[PDB]
Structure formats: structure tokens, C-alpha cells
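Single chain ahead, written as C-alpha cells, the form solved without the ligand.
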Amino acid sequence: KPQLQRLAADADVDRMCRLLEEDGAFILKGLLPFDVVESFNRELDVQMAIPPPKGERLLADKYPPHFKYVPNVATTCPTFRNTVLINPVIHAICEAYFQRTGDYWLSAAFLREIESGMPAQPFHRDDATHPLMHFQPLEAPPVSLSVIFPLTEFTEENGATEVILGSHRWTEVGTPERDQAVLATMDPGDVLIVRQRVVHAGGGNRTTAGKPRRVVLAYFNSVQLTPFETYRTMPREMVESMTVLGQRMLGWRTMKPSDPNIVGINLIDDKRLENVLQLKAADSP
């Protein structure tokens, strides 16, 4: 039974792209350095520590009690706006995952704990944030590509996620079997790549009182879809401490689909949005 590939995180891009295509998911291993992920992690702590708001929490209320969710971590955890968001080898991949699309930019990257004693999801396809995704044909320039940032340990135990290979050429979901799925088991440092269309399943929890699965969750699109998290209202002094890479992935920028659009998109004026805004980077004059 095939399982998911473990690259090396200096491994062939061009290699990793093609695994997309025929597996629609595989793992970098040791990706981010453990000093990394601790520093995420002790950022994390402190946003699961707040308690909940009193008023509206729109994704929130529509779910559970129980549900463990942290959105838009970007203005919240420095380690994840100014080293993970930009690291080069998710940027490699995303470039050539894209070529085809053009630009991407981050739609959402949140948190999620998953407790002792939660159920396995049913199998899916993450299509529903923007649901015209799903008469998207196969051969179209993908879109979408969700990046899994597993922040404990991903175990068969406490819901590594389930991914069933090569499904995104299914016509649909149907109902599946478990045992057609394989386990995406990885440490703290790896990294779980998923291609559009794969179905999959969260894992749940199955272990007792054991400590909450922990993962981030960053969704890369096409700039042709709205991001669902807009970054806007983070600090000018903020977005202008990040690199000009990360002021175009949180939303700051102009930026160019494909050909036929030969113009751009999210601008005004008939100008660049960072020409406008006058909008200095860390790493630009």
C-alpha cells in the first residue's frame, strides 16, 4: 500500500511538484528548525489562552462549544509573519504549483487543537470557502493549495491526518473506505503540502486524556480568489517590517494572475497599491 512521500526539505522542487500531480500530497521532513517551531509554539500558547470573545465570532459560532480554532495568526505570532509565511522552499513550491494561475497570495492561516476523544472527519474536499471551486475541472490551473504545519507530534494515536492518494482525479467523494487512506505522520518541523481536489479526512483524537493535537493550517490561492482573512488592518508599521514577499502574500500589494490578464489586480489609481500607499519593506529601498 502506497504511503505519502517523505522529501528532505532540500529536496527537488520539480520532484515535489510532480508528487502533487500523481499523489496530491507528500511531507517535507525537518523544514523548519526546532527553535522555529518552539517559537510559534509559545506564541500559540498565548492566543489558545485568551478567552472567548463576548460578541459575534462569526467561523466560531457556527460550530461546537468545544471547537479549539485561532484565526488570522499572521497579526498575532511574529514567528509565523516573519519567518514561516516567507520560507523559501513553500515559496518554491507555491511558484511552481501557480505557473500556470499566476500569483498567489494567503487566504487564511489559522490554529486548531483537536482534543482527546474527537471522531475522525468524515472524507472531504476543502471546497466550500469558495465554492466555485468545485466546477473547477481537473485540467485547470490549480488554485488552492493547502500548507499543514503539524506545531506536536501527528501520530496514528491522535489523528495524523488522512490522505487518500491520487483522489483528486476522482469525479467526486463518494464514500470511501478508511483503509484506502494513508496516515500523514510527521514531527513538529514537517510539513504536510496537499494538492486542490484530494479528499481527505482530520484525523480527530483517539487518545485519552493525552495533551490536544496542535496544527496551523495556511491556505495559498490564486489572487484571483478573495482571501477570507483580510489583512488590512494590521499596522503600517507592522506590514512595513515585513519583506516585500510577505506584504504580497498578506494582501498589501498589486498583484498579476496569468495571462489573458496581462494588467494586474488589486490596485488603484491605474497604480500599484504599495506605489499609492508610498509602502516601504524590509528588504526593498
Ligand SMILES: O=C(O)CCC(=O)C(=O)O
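Between two forms, the rigid core is the largest collection of C-alphas that superpose within 1.5 Å. Numbering follows the first chain given and starts at 1. Compared with the form solved in complex with the ligand:
- Core-based superposition between these two forms shows that, of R236, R232, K54, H66, only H66 has its Cα displaced by 2 Å or more.
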Second form
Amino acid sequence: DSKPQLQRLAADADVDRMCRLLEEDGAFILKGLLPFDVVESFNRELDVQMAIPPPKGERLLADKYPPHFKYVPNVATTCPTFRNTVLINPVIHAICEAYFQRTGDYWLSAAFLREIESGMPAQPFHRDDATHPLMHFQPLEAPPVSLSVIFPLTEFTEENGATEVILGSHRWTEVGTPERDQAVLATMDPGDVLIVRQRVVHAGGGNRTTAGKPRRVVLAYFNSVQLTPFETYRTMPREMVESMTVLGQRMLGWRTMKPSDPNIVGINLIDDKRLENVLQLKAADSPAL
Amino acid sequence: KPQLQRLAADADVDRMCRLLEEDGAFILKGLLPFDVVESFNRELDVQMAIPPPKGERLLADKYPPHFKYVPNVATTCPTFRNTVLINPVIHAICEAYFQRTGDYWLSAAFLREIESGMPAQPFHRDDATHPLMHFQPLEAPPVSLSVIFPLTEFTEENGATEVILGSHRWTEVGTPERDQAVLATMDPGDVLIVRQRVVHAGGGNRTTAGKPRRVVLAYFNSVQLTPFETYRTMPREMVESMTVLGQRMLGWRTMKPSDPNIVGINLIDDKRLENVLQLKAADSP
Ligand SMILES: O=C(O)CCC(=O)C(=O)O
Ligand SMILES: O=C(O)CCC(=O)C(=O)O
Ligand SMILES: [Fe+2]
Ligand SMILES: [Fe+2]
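Given the form solved without the ligand, state the structure of the form solved in complex with the ligand.
First the chain shown before, then all remaining chains and molecules of the complex.
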């Protein structure tokens, strides 16, 4: 349409151009980042997690929301294809390093599956600023501390509730009461990615299909290491941790990290030493790098 | 020239809050009993006697070797872990202070010992560890509180903490003059509470005579902020010997930032960390 849509970029495109779209539009789509076999492998792992009956007692997030979204938390611990491939994608990390250049190091606050079955309503318009409420008071020119990375695991279509994004809404002082037609649809295929800047108003669309076709989305939040991870990966067995690369370990909170100056020491340390030395941590590319 | 207000340890919390908003800081008299202070000092002596380890020293390598420093004292000082860390007045203050922010925990607690002959630190705010705090406006809910425990006397002579009252309202720190600040002269057992954004400095040790000045600095931050020190490598037997409150302070439990965070933080498998770990405590499951 004549109303500007989300720009689609090739997976190998220039990182400064991506960085420029984030500042101007607030979001953009990467086309064909993950190959078909990677997506399929991940989807089989996610199939398994959602065939498991939900556990006996407390469900911290699921108890506080009604229908409808199905939910698999912390996919990094149960889905090797996320942990070993998707999580360390070179393009996602090129974007993050540019985006967080003023903030310093970043890590994974959470990654989880959202599944929206046929005939479910939209999500409300919102910013991803509820988990760490202090973000509400961070001004626009402050270095960004959060990036939303949205992976479609099924196709996102007009009918099945493709993510709705109001472009340039990061420049808004207040969210207010925006109507649905102000947003554009992030229609995508599996293997694409939707990247959404801090402060950008958006919503899941809700599935207006009727013939049992669930929409699958894996949401990953990369935050400044200054912000506490929502999901803590500290109970992962040592064997699983050491099978990851250094970068993967850094994402899942197992290493000492470095916020920007004026923090000249770091963060997530003990006995005035790096966590990874105290634990004598090995990694899949320890000698390689 | 207005001085820091000195309050009784059993004073009203409302009055303590008013002082933090008005002045930015105040002193509690005789919060920690003498035997608690002494045992804490003995425990610190044990650590000071051990030579600096042979590897890198992340914080210490940034200062000249006059900088005497015991990190994460909770791991080596049972008196801190079992008594000082869960002091009910400190936590009465934190609960009121963080009323607009939600849960809080320990980002760091460490010893600084200032040897004789050292000058005062430059004036500063405690906004360097989590740089994003630099951009939080005055009206935003606070995310950090500095608790300063004198373990020796703090005197004009030995470099009592210098605090510029009301400086939390300043838009910027700039380069202030020394005479803008007043002194936190104190006996061991007292405690100095300093609000976020307040400009201050360690006084050094103008007594090139006498003993070293000992201070334990504790930072209680919003659970939204990553702990500087991670207590995840503590032995389970040590963790479970602490109270529920102690475990929460040291990052061993799921916590709750303010609404609109309605779920929590520091959790896994959509369950509380302590339940996943089946963590016992000195007063818990
Ligand atoms: O369902 C979607 O595509 C968006 C989900 C989302 O934005 C959220 O849950 O925060
Ligand atoms: O040494 C003191 O009295 C205070 C030190 C201080 O404020 C700091 O190190 O940040
Ligand atoms: Fe969202
Ligand atoms: Fe300080």
C-alpha cells in the first residue's frame, strides 16, 4: 500500500543499513536467515515440548494469563537447535553489537515459544517494557538496553495473525490509544526474522483461521547485561554448558560480562575473578578462538 | 551549615524516608551491637591475612596497591551472612525505599580498608556499575541504595565519608568544592544510608597516624539490575544454612519487580528457582 510497510532485507545485507532502519522505522524483517532444515529441526523439538502435559502445580506466567496462547518457556534448555545454532547466529549478533555499542555487552533475558491456535483474538498493543519497568523512564537518546527478536516458526499471514507493528512508534512519548489500522503486518515465512527496537508499539494478531492451523512464534529478548535475565539458565548441567561455544555461554549468563564505561570492571563475577575461571569452564571453541 | 541527621536505630521509618528525600542521607546510631562488629572484624582479619591470589584481580587491578579490598564478604564472613545482611531495620528501610520499584537484592558487599597516608576519593555518584542509572530522571523510582557500615571509628582525622546534602536533586555532578560536603563521623555499630544520585566521597585517611579505616559497603539494588557479585557458586550447605531473606538477597530465589511485571524474574521452567532447586533454609521448606 501507499502507507509504508515493514522493509524486508536479505539475510546477508549490510548491518549499518539494518541499524538505520531500526532508528527510523523501529523494526525490519530479515528474509531467509535460517535455512529450512534448521527451522524444521527446531520445530520438531518444539513439537515434543508441547506434547508434554503441563506440570502439576505453579505456572508463574501461564497462571496470570488466560487463553489464548500455548507456552513453552526457556527453549534454550530443551531445544538443542536453538541452543547450538539459532542462538549464535552471526547476523543476529552483528545486529546486536551495533545496536548495543553504547550500552556494552548484552545477553539472553529469555527465549520462549508462543503458539496461537485457530480462532484466537489479537494481543493488545504494547511495548516490551513490562519485565523491567525501569525501562519506562529511560529517555529516547539513552543507550538502548533491550532488543526483541521474533522468529516465525510457521508462516505469518493476514489470516493467522501476523505481528502488527506501528512504525516509528518508538519516537512517541506515550503509547496512548492507537487503532489497529495504524499498524502494518509482519507477514513472513519460517526462516525469516522480525527485529523490533525498544519502545516500538506492537501486538500479536490472533488467529482468524478456522481449520486447525496454529501460528508459532519464538520470541528472544537480548538485553544489556545490566538487566537481570527473566529466565535463569544457572541450573543447566555442566556437560550441556561446556558443549556450547563461548558466545552461547555468554548469552546464557555463565560468564563475566562488561557494561560500557564508566563500568571499567565488569559484572557477574565473584572473588574478584571471572565466573568462567572460578568454574574452570570449558567450551566447544575454547582452543579455536 | 546543615549536618547529617543522627537517628536512633529504633526511630520511625517514615522519618528515615523523609530524610532521604530531603537530605539524601542519614546516620543510624548503634544499629549493630559491639559483639557483632567484633566478630565481623575478626572474620575480615582472617581474609586480610591471606595474600592476594596469583591471577587477575578485576576490581583491584584498577587501583594502586594501597587499595585494600576483600570482595563478596558474605562468602567468607558468617557474621555478615547470618546477621548483618538480614538486619530488620535495614530491611524496613529498603522495603519503604523500594516501594515504587518492587523487590531488591544484594548487588555487592565488600570491605575497603584505607591505610594511613591516603587522600580522599573524588566526588561522584554510585552510577558507574549500572551506567543506565545515569539516564534515569530524578522522578523515576529508585533502583539502588548504598548502605555504608563503619567497622572502625570515622573521624575528621581518618577520613569519614563526605556527603553533599541534597545533591540528588542536581542535574549533573560537575566539579564541586570540598567545603560543600559534610562528614559522616561515626562509631563502629553506626550505619550511613545514602540515597541514589547523592554526591559523596570516601575521605581517605588524613590520619597518616592511627589504624586503617575499615568500611563495608553494601549495595541493595532493584532485582531488575544484575548483581555485580554472583553468589551462584556458594555451596548448597552454605546457602541452606541462611534464612529465606538471606537467600533472596544473594540471588538464590525468584523475585518480583513492580507491576507491570506481574510474573516475576530469575525463574526457570515457569517455576520459582527455589522450588526447582528444592532449597531448604534456616526458616523455610
Ligand atoms: O504474537 C506475536 O507475534 C507477538 C508476541 C509479543 O509481542 C509478546 O508476547 O510480547
Ligand atoms: O570509603 C568511603 O567512606 C566511601 C567509599 C565510596 O563511596 C565508594 O567507594 O564508592
Ligand atoms: Fe511483545
Ligand atoms: Fe561511592
